[PDB]
Amino acid sequence: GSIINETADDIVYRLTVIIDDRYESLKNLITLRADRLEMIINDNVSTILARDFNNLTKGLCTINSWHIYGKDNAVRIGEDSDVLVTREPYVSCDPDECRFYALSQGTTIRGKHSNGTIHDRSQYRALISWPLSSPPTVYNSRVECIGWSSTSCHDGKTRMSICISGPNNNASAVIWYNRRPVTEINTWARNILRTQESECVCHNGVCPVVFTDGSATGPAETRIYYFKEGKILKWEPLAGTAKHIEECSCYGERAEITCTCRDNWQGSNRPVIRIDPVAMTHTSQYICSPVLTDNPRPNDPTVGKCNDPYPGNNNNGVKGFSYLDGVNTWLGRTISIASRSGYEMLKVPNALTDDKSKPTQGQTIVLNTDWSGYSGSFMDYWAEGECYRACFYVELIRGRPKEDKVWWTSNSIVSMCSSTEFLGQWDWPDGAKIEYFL
Amino acid sequence: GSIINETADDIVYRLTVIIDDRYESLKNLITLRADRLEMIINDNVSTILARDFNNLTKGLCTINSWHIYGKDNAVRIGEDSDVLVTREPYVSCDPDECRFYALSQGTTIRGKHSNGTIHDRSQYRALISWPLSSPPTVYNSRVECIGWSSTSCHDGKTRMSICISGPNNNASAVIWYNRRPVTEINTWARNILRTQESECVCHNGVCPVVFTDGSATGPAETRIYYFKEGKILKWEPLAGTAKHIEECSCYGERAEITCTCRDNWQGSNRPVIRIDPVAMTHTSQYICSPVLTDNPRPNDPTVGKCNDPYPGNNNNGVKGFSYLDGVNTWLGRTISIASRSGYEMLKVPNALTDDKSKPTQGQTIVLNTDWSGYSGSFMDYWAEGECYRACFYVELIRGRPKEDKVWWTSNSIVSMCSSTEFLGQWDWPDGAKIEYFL
Amino acid sequence: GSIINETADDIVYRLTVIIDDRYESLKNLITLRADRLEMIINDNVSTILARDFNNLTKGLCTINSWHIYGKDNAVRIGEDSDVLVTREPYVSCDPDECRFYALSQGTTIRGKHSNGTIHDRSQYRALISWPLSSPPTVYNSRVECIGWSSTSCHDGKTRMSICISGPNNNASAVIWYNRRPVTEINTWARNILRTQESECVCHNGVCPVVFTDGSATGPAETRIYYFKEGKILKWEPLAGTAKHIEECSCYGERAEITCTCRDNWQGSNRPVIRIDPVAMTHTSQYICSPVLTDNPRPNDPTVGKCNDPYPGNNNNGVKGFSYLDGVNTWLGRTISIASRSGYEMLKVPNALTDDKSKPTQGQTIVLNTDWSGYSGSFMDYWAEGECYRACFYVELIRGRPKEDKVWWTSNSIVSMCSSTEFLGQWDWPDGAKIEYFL
Amino acid sequence: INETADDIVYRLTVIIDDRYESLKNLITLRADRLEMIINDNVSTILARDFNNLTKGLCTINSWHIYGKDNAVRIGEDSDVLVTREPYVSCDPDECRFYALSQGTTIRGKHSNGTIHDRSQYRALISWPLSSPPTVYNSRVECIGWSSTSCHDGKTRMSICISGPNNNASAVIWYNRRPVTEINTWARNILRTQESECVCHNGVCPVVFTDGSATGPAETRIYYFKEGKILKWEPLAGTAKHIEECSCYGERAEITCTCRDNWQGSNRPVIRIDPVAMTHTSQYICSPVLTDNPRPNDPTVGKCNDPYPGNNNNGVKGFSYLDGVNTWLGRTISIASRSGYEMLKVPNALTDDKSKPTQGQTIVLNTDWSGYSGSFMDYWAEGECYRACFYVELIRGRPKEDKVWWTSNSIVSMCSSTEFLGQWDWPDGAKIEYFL
Ligand SMILES: *[C@@H]1O[C@H](CO)[C@@H](O[C@@H]2O[C@H](CO)[C@@H](O[C@@H]3O[C@H](CO[C@H]4O[C@H](CO[C@H]5O[C@H](CO)[C@@H](O)[C@H](O)[C@@H]5O)[C@@H](O)[C@H](O[C@H]5O[C@H](CO)[C@@H](O)[C@H](O)[C@@H]5O)[C@@H]4O)[C@@H](O)[C@H](O[C@H]4O[C@H](CO)[C@@H](O)[C@H](O)[C@@H]4O[C@H]4O[C@H](CO)[C@@H](O)[C@H](O)[C@@H]4O[C@H]4O[C@H](CO)[C@@H](O)[C@H](O)[C@@H]4O)[C@@H]3O)[C@H](O)[C@H]2NC(C)=O)[C@H](O)[C@H]1NC(C)=O
Ligand SMILES: *[C@@H]1O[C@H](CO)[C@@H](O[C@@H]2O[C@H](CO)[C@@H](O[C@@H]3O[C@H](CO[C@H]4O[C@H](CO[C@H]5O[C@H](CO)[C@@H](O)[C@H](O)[C@@H]5O)[C@@H](O)[C@H](O[C@H]5O[C@H](CO)[C@@H](O)[C@H](O)[C@@H]5O)[C@@H]4O)[C@@H](O)[C@H](O[C@H]4O[C@H](CO)[C@@H](O)[C@H](O)[C@@H]4O[C@H]4O[C@H](CO)[C@@H](O)[C@H](O)[C@@H]4O[C@H]4O[C@H](CO)[C@@H](O)[C@H](O)[C@@H]4O)[C@@H]3O)[C@H](O)[C@H]2NC(C)=O)[C@H](O)[C@H]1NC(C)=O
Ligand SMILES: *[C@@H]1O[C@H](CO)[C@@H](O[C@@H]2O[C@H](CO)[C@@H](O)[C@H](O)[C@H]2NC(C)=O)[C@H](O)[C@H]1NC(C)=O
Ligand SMILES: *[C@@H]1O[C@H](CO)[C@@H](O)[C@H](O)[C@H]1NC(C)=O
Ligand SMILES: *[C@@H]1O[C@H](CO)[C@@H](O)[C@H](O)[C@H]1NC(C)=O
Ligand SMILES: *[C@@H]1O[C@H](CO)[C@@H](O)[C@H](O)[C@H]1NC(C)=O
Ligand SMILES: *[C@@H]1O[C@H](CO)[C@@H](O)[C@H](O)[C@H]1NC(C)=O
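Residue numbers (the authors' numbering), protein chains in the order written: chain B, 32 to 169, 169A, 170 to 333, 335 to 392, 394 to 412, 412A to 412B, 413 to 468; chain E, 32 to 169, 169A, 170 to 333, 335 to 392, 394 to 412, 412A to 412B, 413 to 468; chain A, 32 to 169, 169A, 170 to 333, 335 to 392, 394 to 412, 412A to 412B, 413 to 468; chain H, 35 to 169, 169A, 170 to 333, 335 to 392, 394 to 412, 412A to 412B, 413 to 468.
Please keep in mind that the hints were generated in silico from the structure rather than gathered at the bench.
Hints may be right or wrong, so weigh each one.
As the list claims (entries may be wrong) - Computed footprint of chain E on chain H; a stretch qualifies when at least three of its residues, placed anywhere within it, have a C-beta under 8 Å from a C-beta of chain E:
no., region
1, 100-107
2, 177-185
3, 208-215
4, 340-352
5, 413-423
Claimed, not checked - In silico contact screen, one side only, chain E against chain H (beta carbon under 8 Å); selected entries:
no., residue
6, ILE34
7, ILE42
8, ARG45
9, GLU69
10, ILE71
11, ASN85
12, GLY142
13, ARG210
14, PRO211
15, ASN216
16, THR217
17, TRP265
18, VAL436
Backbone N, C-alpha and C define an ideal beta-carbon position, used for all residues, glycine too.
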C-alpha cells in the first residue's frame, strides 16, 4: 500500500535467502567435514587393533609338482645332540608362523630311557611343536599338552590343541584353547579313545575334529565334535558308508572340510569325510579310485569301490591323505603293498568319484628302499595370494620293528608344498646310518 | 518522528534477528562436533592402554574329577640332557603364561656336583622357572632369585618372587617385584627363615605370605606378611590354634585365601591359615576330618580332633594341600603312612569342620609303588568362565633318601586341574629308571 | 524500477557482497583446519607403524682400514658342543638385526654323520641364519629353507630366501618371501642349478639374483633373475664380455648393484656384473687390474685383462669379492696363489677400469699359514649416516681335503666392516686345533 | 536515504563482522585445542628418553643377594663358555651378566691355556641374570679382549678393543651397530674398563689406558653420545696411573674407582661431570687399602699420590664414595685374590685416618675372589639408587694349576636399608671333578 514499506519487505526478503543459503552451505559443510574426521579416526583406530577368525574362502592351487617345504633331519643330528624321541607327527600354521608337531616319547634318542619307545602310549608322551626344520630338541620344543593322541589347529585368533591320555579303558581328552584347558571329554566306548594325529581346520572359529573309540579291528564309534573356543558346539555320530575311521588327515577350501582317513578293519581303500563347518554337517564314503592308497593293500585292480571297503587286507593300515579337487586331484601312498617304505604322489584325477580312474602323472618322495610312515595334510591358510598352496608332510620312521638292532623307535620329518610349475623331483630319506647308533 | 529514519531502524532489526539466529545455530554446531570429536578421541586412546590388579572375584568350580595338566618327565630326560637338579617345585601363572618353578641346586643331574644334592640349603640353590611341562634345563631356565626357600605370585599387573638365603642363624628374605629387588627382611628367631615353597596369592595388589623362623618342632615364630608391590603393608604374628606351621599351600576364592600347611609338632591333621587380604587378617585352625593327610601319619581314626593335635606319628611331615569348599571339598595325601610314596585325592564333604567326615570319591594320581613328594595349590586366576578351576602339582622325588644306590636327589613334576566331568583316572609316575644312572 | 528501486537495489548488493566475502572467509577456514587435522591425523597415525622398500641412495664410506665385526670360532666351541657342520656361509642384515647365514650338513662336527661332509650336495643340507658372532648350534639356528645352494636378502619390507635342491640333472629353486614360498624355478641346462651363496641386494623392491646352470669345467648358461615380492619380474641371460660366472658377491651404491663373481673355466681374474635394478638390466666384464684375485691363480703381471679371463689357470677358483668405487677400490683374495690360504685386502685405485693398477695400501686378515676360503660382501643397509659401510666375511674351511686327519669338512667365520680411520691390523685365524678332533 | 541507506548497509556490516569474527575465533580456538590434544595423546603412544642421574644413593646398612651363576659348577657337565673379566649392566627392562668370552667351553679341549688374556678368539658376550654363560644363551655384542657397555636409556653402547699389543683399536657400537673406531695412541695394549659404563642425558664417559702397565701411561676419558666422540680428555688430578675403572653415577656426577697397576695400593679415583664433560683424579685417602696385592693396612693413607708397597700389580675393584655412606670393597688376603669383603669407612676418600665402622664378608679367605665392579639399576622405582656390585670368582690358573684352563663364576649383591645377616658366596666348583 506504499513502496516506502514494500521495498522494506523487499530489502529483507532479498537478504534472507542469502543468509539462509550461506548458512545452509556452512551448516552442511561443517557436518560433512566433522563426519569425515569421525570416520577417519574410527578406521585408523580400528586399525591400531586386530584380529578375526579365518574363513576358507580360497580354493586349492593347481598341482603340477611338489616342492620341499621343510625337513628336520631329527634322527641324523641326534646321534649327537639332545633330540626328543617322537612319533606320529604333523605340520600346522598360525597367522604368522608354521611349526613342526609330534608326540614326544619323554626321552632323548641317545638317552637310555629311549629303550622300548616303540610303545605308542604311556605317561611320558606329549603334544609338542617346535620351529620348522629344527629337530624336536630338548631345548626348542614347546609342550602343548600331555598324552599320546593329538590334534591342533589355529582358528585365526589363537590355537586349539587336544591331547588324549589314559589307560586303554579309562581315557579322557582335554581341549586347550588359548593355551588353557577348557573341555575334557571322557571315553564313551572305553577302548583306546583316539584322534587325528594331524592338523585340524577351522572355518569362522568352528573347528571340527574326528575321534574314534572302539575296536581297532572291528566296528567303533566315531564322532565329529565341532569346536569353537574350546567349548563343544555339537557332536554327530559318524554317518555314511565309511565303515571304520582312523587317524584322518584334513584340509579345507570353499567352506568344506574334507578329511582322508585310514580303514584299519577291512579297508585298503581309504575312507573320506566331507564336512560343512557351517551347518556343522558331514557325509562319508571311500575314495573310488581303484588305486589303493592304504598300507598294506592288494595290488591296484582295474576298477575299485566308492561306498564299501576294498577287501584283501584287514586289521592294518597307515595314516595317509589326499587332495581331492576334481582333476587337480593327487593321492599319496607308500610304494610298497607290504610295508611302510617309499612314498609317491599320484595325480589320479576324479579319484573320489571315478571308480576306474588311474594316474596321469607322479613324483616319488622317498625311494621304496628307505623307510617311511604316517603322512597328513595342512596348508598355510594365512599365506598370501588367491589360492591355497596344498602341502603335505611324511614321517620317516627309524627303529623297531624294522631296524631292530637298536632298541628305540623315533623318526624324522619331510614336508612339501604344491607347485604349479613342473619341477625336477628328488627323493628325501631320513639320512641317518642306524649302525652309527650302536 | 519519521517513517524513514524509523524504517531503517526496522530493516536492520528484522535482519539482525535471523543473523543472530543463524549465528547461534552455527555457533552451537561447531561446539557440538568439537565436543563429539573430543569424546571419541579419548574413548579411543583409552582402549589403547592399561591393565589392572587381579581380584579373587570367583568361587571354585565343581570338582568331579581331575584332568592331567602338566608334566616334565625331568628325571627321564635328564638321564641324558642338561637338566638342573631341583626339588620343592610348584606352578604359578601370569596373565599370559603358566610356568614351572623349583629350587635349583646349581648342577645338572648327571653332573658330578649332583653329589650330595640331598641337602636342602647351599650357596648354589635358586628359584628357577620354565615353560610348563618342559624339564628345568640350563638353557631355558630363568632364575628369579638366589635362595633356598621361595614363593612367587602375580599381582595381576606384575609378579612377586621371594627368596631366602643364609646360614640357619642368619637367613634373610629378598622380595623381588617387576624383576627387581624391593624389600629385605632379616631372620627374627635366628633359625632358618622359611616360606610357602609354592605360589602365594593376590587380591587388589595385596599378596599375603606365611613365614617361619624357629624349631622344626617347637613353638616357632611364624608370621603372616601382607605385601603389595613388593612393599610391606603389614605383618602380624601367627594367631589361632595351630601348634606349628610350615610350607603353606594357598589359593583364592571369593576374596579369601585358604592355606593348608604342615604340622611337624604333631601334625597328621593339617592346619589351615585362612586370610582376608582386604582386612589384612588371618585365622588358623585344623582340618577336623579323620582322613589324615600328612606323612608320616597314623592310620585313620573313626572320629578325629577338631581343633587340637592327635599325636599318632610325630615330628615329621610333608608339604601338601587341599581345597576346602563345603561339599565340593577335596584333599590329597600320599597313599602311604611310612614314607613319601603314592598320592591320592579324596572327596570329603565339609572335611575342615566335620570330625566324622568320610571319603565319598577318589582318584589315584601316583600309585604306591612309585614315588611322590611335596604337593601344592595353584590356580589360573586369569582363565575365563564363572569360577576358578582348582589345580595342584605333585612333586615326584627320586634319589636320596629312598633310592640310595645313587648319590643325588632331584625330582620331576606333575599337575592336574579339576573337571566338571567324572573323568577316568590314570596314574602318573616320573618314569625314571634308577639303574640307568648307576 | 525507479528512484527507490535503485536504492533498495543498492542495499541488497552492498550487503550480499559483504556477506559473501565473509562466507568465503569462513568456508575457507573450516576447510583448512579440517584438512590440517586429517593430514596431521593420518601422519601421526602412520607413525604407529610403517615399513618402506629400501632404496640404495648412498655411496660407499671411504675405506681406509678394515675393522672387526663378527667371528663365531664355531669349530673351537664345536670340539665339545652341539654345533652344526656347515659351509658356504655369509652375513646379511634385516632392518633391525644382522645374522650369520650358512648351509647346515644335517649333523654336528662331533656327530658321526660328519663323516663325508666334503660332499657339496645332499638331501640333508639347509640354509640357516643365526645370531651374529655366536655359533651354528642345533638349538639357536633357524632353517630359512631347504637346499644345497642358496642366497637371501631383505627389501626393508621383508626378506627373500632362495634354496636350490635336487639331483644334478633335476634341481629346483624355491623362492621364499616373508617366510613362505612364493615361486619355484626348474633347472634349464640341467647341470647343477646354482646361485650366489652370499646375500642378495634389493632396490625399491627389486632384488636381482644371478644363477648359473651348466658346465663348471666349460661354457655355461647363466641368468640374472629379477625378483620383487618373491615373484619373477624378468630374467636377462648373461651379457657382455664375461665368459663364466660363479658365486657372485654383490653390493649396492647409488642405484647400481655391483657383483663380483668367479670365472671357474679359464678365469684367474674375476668377472664383474654391474646391474641396473630399475631398468632391470645389466652389463659385465672382468676386473682390469693385474692383481689377480682368484684362487688358485698365476703370479701377477704388469697388465691384466678387462674383457677376457686371465688364462694360466683352469677349471677352478674361489668365491670372493671386491669393492670397486673409483680411487676407493679395495680387493680381497687369498695370499696363497695355490691354495685356499690366508686372506688380504688391497687398495687398488680403479682396479676395474685400468689394467696397470697396483696397490697403494693394504691389510692382512688371515696369515698364509692359516686356511681361509669363500669370501663375500654385505652392508648393514639401514645404519644412520651419509654412506654405506662396506663389510665382508671370510669362511675358514677346516678338515678334508686339506686335513684328512678328520673325516669331515666345516667352517668358522670372521667378518670386518670398513673404517675411515687407519687402524692397526690383526690376523683372524680359525682358532681350532684339529689334533683335539683326533 | 542517500545517506540513510549508507547507515543501514554500515550498521548490518558491523553486526555481521561481529558475527563472522566470533565464528572464526571459536572455530580457530576449537581446532587448535584438538590439534594439541591429539598431538599430546599421540606422544603417549610412543617412548624412551635419555637417562639423567637425577637421584642419590640409598643407605647401605648391608648387602643382599641379587644373582649368582654357578657357572663352573654347572659347566662341569654343560656347554658353558670359558669366561673372565665379568660385569653386569642394566637396560631399562632387564639386568644381564656380561663377561669376556674365550671362545670354547670349559670341558672343550680348547680351554687348555685360557689363562691368557688377549687372543683372536675373544668377544664380549652377555646373558640373563643368574644364568651361566652358555653356548645357546650367550649373545655377543662385539669382538675383542677388553670391553665396557652401558645404556643411556634410549639404547646400549658396547665397546671392544681388538688387535696386537702394539696396534690395538676400540670399535664403539651404538644400538648394535658399529659407529666409531679409535686406534692405539701409544700402541701398547689399548684397554678400558672391564665393567659397565654410565650415561647422563646420553653423554656416556669411558675411561681408557694405552701404555705401560708398569709406569706413567696414556689414560684418556672419552665423552660419548650415540657412539660419537663429542670430546676426549687426558688424565688430570693426582692419579699417577689408571686401569680397569669401576664407575657409578649419582646426582649428575660419575664416580669411578680404578686400579693403580704401577706403584699404588690405594685405589685411584676419577670424578667426572658428564655435563661440563670435565674431571679430576686423586686416590682414596683411607689407610683401609683396597687393592691386591697390597701392603698391610697402615695408620694413615695417601690422598694425592700412590701408597708404596707393591709395584707393578693390581686387581680391578670398586667403592661407593658418598660421605658417611662410603663402603670399600677388597680381597681379604693382602697376598692373593682370595676372600672378598665389604667395609664401611666413613669418609674414605677425604679422611686419611678413617677405619671401619662396620662390614660384611662376601667371600671367605679360603675361597678365590677376583675382579669386582660397580653397577646400579638406574631404571628402578624409587627415590634412590640401590648400590649394587658383582665379584668374579676365578677358578683354574694360576692358583689352581691341576687343570689347564682359567674360568670364573659370578656373585652379585645390592645394598639394603636393613641390617641383614651375612653368608659366604663361593664359586662351588670342586676342582678335583675335572681331573
Ligand atoms: C575308571 O575310572 C573311574 C573314575 O575314577 C573309576 O571309578 C573310581 O573308582 C575309584 C576307586 O575305588 C573311586 O575312588 C574310591 O572312592 C571311594 C568312595 O566311594 C564309595 O563310598 C561312597 C559313600 O560312602 C558311604 O557308603 C555308605 C552310605 O553311602 C555307608 O556305609 C558309609 O557311611 C559311607 O560313608 C559312595 O558314594 C560310592 O558309591 C558310588 O561310587 C562307586 C565307585 O567307587 C560306584 O561303584 C557306586 O555305584 C556309586 O556310584 C562308593 O560306595 C572310596 O571308598 C575309595 O577310597 C578309599 O580306598 C582307597 C583305595 O583303597 C584308599 O587309597 C583311600 O585312602 C580310601 O580308603 C582309606 O580311607 C578310609 C577312611 O579313613 C578307610 O575306611 C579305608 O580303609 C582306607 O584307609 C586305609 O588307607 C589309608 C591310606 O592309604 C591309611 O591312612 C589307612 O590307615 C588305611 O590303610 C576310593 O577313593 C572313585 O570314586 C571312582 N570314581 C567314580 C566317579 O566312581 C572306575 O572304576 C574306572 N574303571 C576302570 C575300568 O578302571
Ligand atoms: C700397525 O698396523 C698398520 C696398519 O695396518 C701397519 O701398516 C700397514 O702395513 C701393511 C704392510 O706395509 C701395508 O700394506 C702393504 O702395502 C703395500 C703397498 O703400500 C706401499 O705402496 C704404496 C704405493 O707405492 C708404489 O706405487 C706408486 C706408483 O704407482 C708409488 O707410490 C711408488 O713409486 C711405489 O711404486 C705406497 O703409497 C705406500 O707408501 C706409504 O705407506 C707406507 C706404509 O704402508 C709408508 O712407509 C710410506 O711412508 C708411505 O706413506 C707403501 O709403500 C701393498 O702393496 C702390500 O701388499 C703387497 O705385499 C704383500 C706381500 O708381502 C701382499 O700382501 C700383497 O699381495 C702385495 O704383494 C703383491 O702385489 C703386487 C702387485 O701384484 C706385486 O708387485 C708384489 O710383488 C706381490 O705379488 C707377489 O706376492 C703375492 C702375495 O700373495 C702373490 O699372490 C703374487 O702371485 C706374487 O708372488 C701390503 O698390502 C698397509 O698399507 C699399512 N697400512 C697403513 C695405513 O700404513 C703397521 O705396520 C703396523 N705397525 C707395526 C710396526 O706393526
Ligand atoms: C625409492 O624410490 C622409489 C621411486 O623412484 C619409490 O617407489 C615409490 O613407492 C611409494 C610407495 O608409496 C610411492 O611413492 C610410489 O608408488 C613409488 N614411486 C614414486 C615416487 O612414484 C620408493 O618407495 C622410494 N623409497 C624410499 C624409502 O625413499
Ligand atoms: C585412515 O583411514 C582413512 C579412511 O578409512 C584411510 O584413507 C587411511 O588408510 C587411514 N590412514 C592410515 C592407515 O594412516
Ligand atoms: C571409538 O569411539 C567410539 C565412540 O566413543 C566408539 O563407538 C567406537 O567403538 C570406538 N572405536 C573402537 C575401535 O573401539
Ligand atoms: C604429527 O604430525 C605433525 C604434522 O605437522 C607434526 O608436527 C608432528 O611431528 C607429529 N606429532 C607427533 C607428536 O607425532
Ligand atoms: C590428552 O588426554 C588426556 C587424558 O584424559 C588429558 O588429560 C589431556 O589433558 C589430553 N592432552 C592435553 C595436553 O590436553
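Status of the hints after comparison with the structure:
1. 100-107: holds (count 5)
2. 177-185: Coverage by chain E is violated here, the residue count being 0 at a Cβ distance below 8 Å.
3. 208-215: Violated - the region 208-215 of chain H has 0 residues with a Cβ nearer than 8 Å to chain E, which falls short of three.
4. 340-352: This one is violated; 0 residues, fewer than the three required, reach chain E with a Cβ under 8 Å.
5. 413-423: With 3 residues in contact (Cβ-Cβ under 8 Å with chain E), the coverage given for the region 413-423 of chain H holds.
6. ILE34: Violated, about 12 Å.
7. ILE42: E/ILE42 check passes; min Cβ-Cβ to chain H is 6 Å, inside 8 Å.
8. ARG45: violated, 10 Å
9. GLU69: With a closest approach of 7 Å, the E/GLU69 hint holds.
10. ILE71: Because about 11 Å separates E/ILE71 from the closest Cβ in chain H, which is outside the 8 Å limit, the hint is violated.
11. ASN85: Since chain H brings no Cβ nearer than about 20 Å to E/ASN85, farther than 8 Å, the hint is violated.
12. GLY142: holds, 4 Å
13. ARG210: holds, 6 Å
14. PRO211: This interface hint holds because 6 Å falls under the 8 Å limit.
15. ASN216: Hint on E/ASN216: holds, closest Cβ of chain H at ~5 Å, below 8 Å.
16. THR217: holds, 6 Å
17. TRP265: violated, 14 Å
18. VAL436: violated, 15 Å
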